[PDB]
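Following the hints, position chains P', A and A' with the ligands against chain P.
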Amino acid sequence: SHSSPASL
Amino acid sequence: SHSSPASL
Amino acid sequence: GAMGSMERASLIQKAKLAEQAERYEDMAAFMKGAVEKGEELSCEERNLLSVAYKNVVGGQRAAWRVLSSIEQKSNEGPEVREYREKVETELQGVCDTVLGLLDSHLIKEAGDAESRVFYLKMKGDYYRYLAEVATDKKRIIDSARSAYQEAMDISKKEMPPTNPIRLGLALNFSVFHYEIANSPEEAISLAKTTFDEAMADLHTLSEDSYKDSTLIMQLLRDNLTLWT
Amino acid sequence: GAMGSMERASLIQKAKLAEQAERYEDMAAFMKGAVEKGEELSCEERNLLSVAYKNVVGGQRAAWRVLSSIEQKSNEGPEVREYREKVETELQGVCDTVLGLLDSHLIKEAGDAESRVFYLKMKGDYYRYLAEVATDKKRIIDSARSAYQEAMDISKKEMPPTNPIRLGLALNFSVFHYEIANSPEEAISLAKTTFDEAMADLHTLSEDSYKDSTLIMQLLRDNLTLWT
Ligand SMILES: Oc1ccc(Oc2ncc(Cl)cc2Cl)cc1
Ligand SMILES: Oc1ccc(Oc2ncc(Cl)cc2Cl)cc1
Ligand SMILES: [Cl-]
Ligand SMILES: [Cl-]
Ligand SMILES: [Mg+2]
Ligand SMILES: [Mg+2]
Ligand SMILES: [Mg+2]
Ligand SMILES: [Mg+2]
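Chains as they are written, first to last, in the deposited numbering: chain P, 87 to 94; chain P', 87 to 94; chain A, -4 to 71, 78 to 136, 139 to 231; chain A', -4 to 71, 78 to 136, 139 to 231. A prime marks a further copy of an entry chain.
In short, the hints are calculated from the structure, not lab data. Mixed in with the good hints, there may be bad ones.
A short, non-exhaustive set of chain A' residues, derived as facing chain A with CB atoms under 10 angstroms [as the list claims (entries may be wrong)]:
hint: 1; residue: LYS9
hint: 2; residue: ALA13
hint: 3; residue: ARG18
hint: 4; residue: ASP21
hint: 5; residue: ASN50
hint: 6; residue: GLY54
hint: 7; residue: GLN55
hint: 8; residue: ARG60
hint: 9; residue: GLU80
hint: 10; residue: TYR84
The list that follows gives simulated cross-link-like pairs (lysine-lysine, BS3-like), each with its CA atoms no further than 27 angstroms apart [unchecked claim]:
hint: 11; chain 1: A'; residue 1: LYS11; chain 2: A; residue 2: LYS87
hint: 12; chain 1: A'; residue 1: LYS68; chain 2: A'; residue 2: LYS140
hint: 13; chain 1: A; residue 1: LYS87; chain 2: A'; residue 2: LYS32
hint: 14; chain 1: A; residue 1: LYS11; chain 2: A'; residue 2: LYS68
hint: 15; chain 1: A'; residue 1: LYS11; chain 2: A; residue 2: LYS68
Covered stretches of chain A (chain A' as the covering partner; in silico rule of three or more C-beta atoms under 8 angstroms from a C-beta of chain A') [unchecked claim]:
hint: 16; stretch: 12 to 26
hint: 17; stretch: 60 to 66
hint: 18; stretch: 79 to 85
hint: 19; stretch: 101 to 111
Even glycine gets a Cβ: it sits at the ideal position worked out from N, Cα and C.
Okay, chain P solo, but in the shape it has when bound:
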């Protein structure tokens, strides 16, 4: 599964 990028 894809998770969030670190930089938001």
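Showing chains P', A and A' with the ligands alone in chain P's frame:
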């Protein structure tokens, strides 16, 4: 410049 | 701390240099030093902290998965188990370090939604990484869930549905449900409702914010395709 | 040494695991431990040693080049210089470690052409990496040249022109001439003669050896295209 691979 | 003698501004500057050089262990050590100066972090600095440690643990997770797969095949000498344990222990050390920074004292000083949700999401993330290797497992899972849930409650009250932090939190909580908590239906429901609610708020955004939000929405979509 | 308590065979096994996991710092530490057991290395083990340290220093060289470029642009606070120096010092430490292993006592115990040329080539390589950051520079360059030259003399006497070790040595010595020693004409001459002599020996080889040799010949060709 290209140099040699490590494994020979 | 080995960074105690360096100026905060110099640590931030060097974290950015380390990022450009793809030296993420250095980057994390610089940002740890910056956190330990005791001041709250700016939005930019919070992102540098996350980038650094996410790349460090990302390499450890990838290595752990390689070694675990080899170990499981070997169970279809002690060296494979020993080396997997070595990487696992280093991974847990990094997670414990991040969780320690969040607990001393980033979360308790974070009052604004953007910082508090960011840090609580991070807390959920690094308990999730601990859960991936745990076999304490139930309590680690509960700690991840609790952190994600507090972040979710704040984000729904204080942030618009397209906020990238809110979206990235919902994305990662849905991954937690699917990969960790054996709750694929909860994962699908969270991803779909998050996607649909963000869709309906895109009209409020500038071109640049639109790009930020839709990038994360595409990850929600990709997961829904994989999960259904 | 931190690896002194581990069996030689276990260190080799774990070096191979670290390679699969792309954990090259671990891989180098395991192979350093294996070298320090005092026995000569097999052909496979020599290659593991080289793979490990070449990937470690490769990351350091890439980071150093990024930081040096930033530093030169800044000269068109001390932080950029300090951090470049930090990476540079770590890079030099790795090179010194490899050179120390070669001098204590891999080279002096290597009697067969394949091992002796391999180690002398490595010695030239890691002095070349030191030369890339040196500004002692002349003496470091001379040390690289001397090692490459002894390796060349042995390889031409004892190895066929298509031997991959001989070819990789000639390739790297030609890069030394072009990038380090300000001798592009020597570099071109060495690359062309090496390529042509290997071409004329390919007919002696099996399908598998043919593939090994032609891979390195393509690197010689690519450099000649870049240099002419
Ligand atoms: O009840 C449901 C209906 C459809 C569904 O699947 C998706 N929903 C949204 C997107 Cl963007 C992509 C997909 Cl594959 C999930 C639950
Ligand atoms: O006198 C010379 C003549 C040609 C030359 O260039 C090449 N020689 C061989 C190859 Cl494989 C590729 C090249 Cl571009 C170099 C020196
Ligand atoms: Cl181990
Ligand atoms: Cl520094
Ligand atoms: Mg100060
Ligand atoms: Mg169902
Ligand atoms: Mg023994
Ligand atoms: Mg000329």
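Which hints, by number, does the structure contradict?
Of the numbered hints, 5, 19 do not hold.
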